[PDB]
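Okay, so here's just one chain, in structure tokens, the form deposited in one PDB entry.
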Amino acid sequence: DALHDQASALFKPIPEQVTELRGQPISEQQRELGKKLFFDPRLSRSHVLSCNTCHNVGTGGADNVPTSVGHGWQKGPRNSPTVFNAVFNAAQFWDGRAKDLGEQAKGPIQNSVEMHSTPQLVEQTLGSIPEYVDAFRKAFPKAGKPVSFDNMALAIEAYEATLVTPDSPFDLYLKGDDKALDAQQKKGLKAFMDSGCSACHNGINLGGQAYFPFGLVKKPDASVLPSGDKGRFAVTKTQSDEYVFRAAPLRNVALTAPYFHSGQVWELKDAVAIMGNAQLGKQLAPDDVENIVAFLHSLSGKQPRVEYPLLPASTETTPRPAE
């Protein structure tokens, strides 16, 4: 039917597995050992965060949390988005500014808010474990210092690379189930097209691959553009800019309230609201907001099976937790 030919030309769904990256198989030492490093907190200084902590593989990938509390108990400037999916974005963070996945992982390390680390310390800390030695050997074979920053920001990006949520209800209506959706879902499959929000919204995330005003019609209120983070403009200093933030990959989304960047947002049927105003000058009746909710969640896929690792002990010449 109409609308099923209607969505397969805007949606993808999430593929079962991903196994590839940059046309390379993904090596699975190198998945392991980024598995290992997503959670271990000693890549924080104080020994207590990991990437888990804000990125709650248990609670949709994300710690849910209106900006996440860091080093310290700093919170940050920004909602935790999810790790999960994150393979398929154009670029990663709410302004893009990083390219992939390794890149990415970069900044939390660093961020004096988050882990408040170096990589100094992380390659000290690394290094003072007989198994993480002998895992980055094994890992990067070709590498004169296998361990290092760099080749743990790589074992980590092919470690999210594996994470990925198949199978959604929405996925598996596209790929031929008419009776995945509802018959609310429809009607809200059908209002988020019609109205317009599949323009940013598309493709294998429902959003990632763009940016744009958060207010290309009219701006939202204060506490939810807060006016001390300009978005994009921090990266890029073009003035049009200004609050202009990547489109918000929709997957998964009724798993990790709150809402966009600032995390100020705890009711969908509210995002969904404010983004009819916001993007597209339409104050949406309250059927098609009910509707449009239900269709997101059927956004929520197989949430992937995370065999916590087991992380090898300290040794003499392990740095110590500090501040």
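Numbering follows the first chain given and starts at 1. So that the term is clear: the rigid core is the largest set of C-alpha atoms that superpose within 1.5 Å between two forms. What changes on going to the form deposited in another entry:
Rigid-core fit between these two forms: of 133, 216, 180, 199, the one residue whose Cα shifts 2 angstroms or more is 216.
Taking 2 Å as the criterion, residue 101 counts as shifted between these two forms: its C-alpha moves by at least this amount when the rigid core is aligned.
With the core held fixed, the Cα of residue 114 is displaced between these two forms by 2 Å or more.
Once the rigid core is overlaid between these two forms, residue 281 counts among the residues whose Cα shifts by 2 Å or more.
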The other form holds:
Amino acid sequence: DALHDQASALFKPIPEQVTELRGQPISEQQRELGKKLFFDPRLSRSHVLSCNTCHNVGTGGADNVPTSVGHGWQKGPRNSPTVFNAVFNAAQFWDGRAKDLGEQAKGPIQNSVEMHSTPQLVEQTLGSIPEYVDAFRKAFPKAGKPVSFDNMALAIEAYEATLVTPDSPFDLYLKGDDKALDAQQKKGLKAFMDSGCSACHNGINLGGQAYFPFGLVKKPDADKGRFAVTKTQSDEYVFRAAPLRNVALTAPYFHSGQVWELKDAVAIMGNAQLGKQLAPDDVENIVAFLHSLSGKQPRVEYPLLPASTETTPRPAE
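Here we have the form deposited in one PDB entry; I need the corresponding form deposited in another entry.
For this one, just the chain is written down, with no partner chains and no other molecules.
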């Protein structure tokens, strides 16, 4: 089918599982340790914030509130992006100055820990708990200092690699099953490509691979009649093309989390003059199409975190 043809040229399905990371095989110990860390609020100085707090695995992997402030890169509050399938994103943050985005040498993990705690503090904390000490040795055998920021980061990435959502209808369609998407979804997929959406939203995650000088702003006054995606003040200031997988599960939308309905988000983008102007039917069909991007949500067994000991730092500001 010609439709399946161009689809396959532009998109790729989520693998059933990633087994290697940074050229290293992912062990189960690493996965388990990473899970604990992802849920342990003790990584925050205050002992109340965990990755799961803002990237809630029960609600699409995002907190689903307008904005929050979790990473040091942030110049301000932004909508928390889902953590599902994030491992495939080359472009990680929402926005930034092009020169600075070539200076954000830091990844999400280091960014967050430095913001809500300090690496030294996090190390001292994990070190005071025997169960963690052991878990680290068992997961990183050939290591001098098993409990170190580096390994912690590696462990979390391993768990992150576990949070993928394969087998969404769209993916089944890409893999072959031409019955996966209904007619409306197909008109949508067609319109998505025809209107130039795929110009920016492409690849495995339908986005998350590049930055562009367009961002949502509240109109000076000219949802879909209150906000618009326009050029930034200079092409040096860019926003990441949001990866669309599981988009139906992570409202509100855009970096500021200001539009709550997907139909509006679609209309707004389809009015950004970044392609052929959209027709009502298209907007509807596209939305239907987007729903086909919801994959299989990860089944997570809440980890049992080890108890603090007498040398474990106590909460603070």
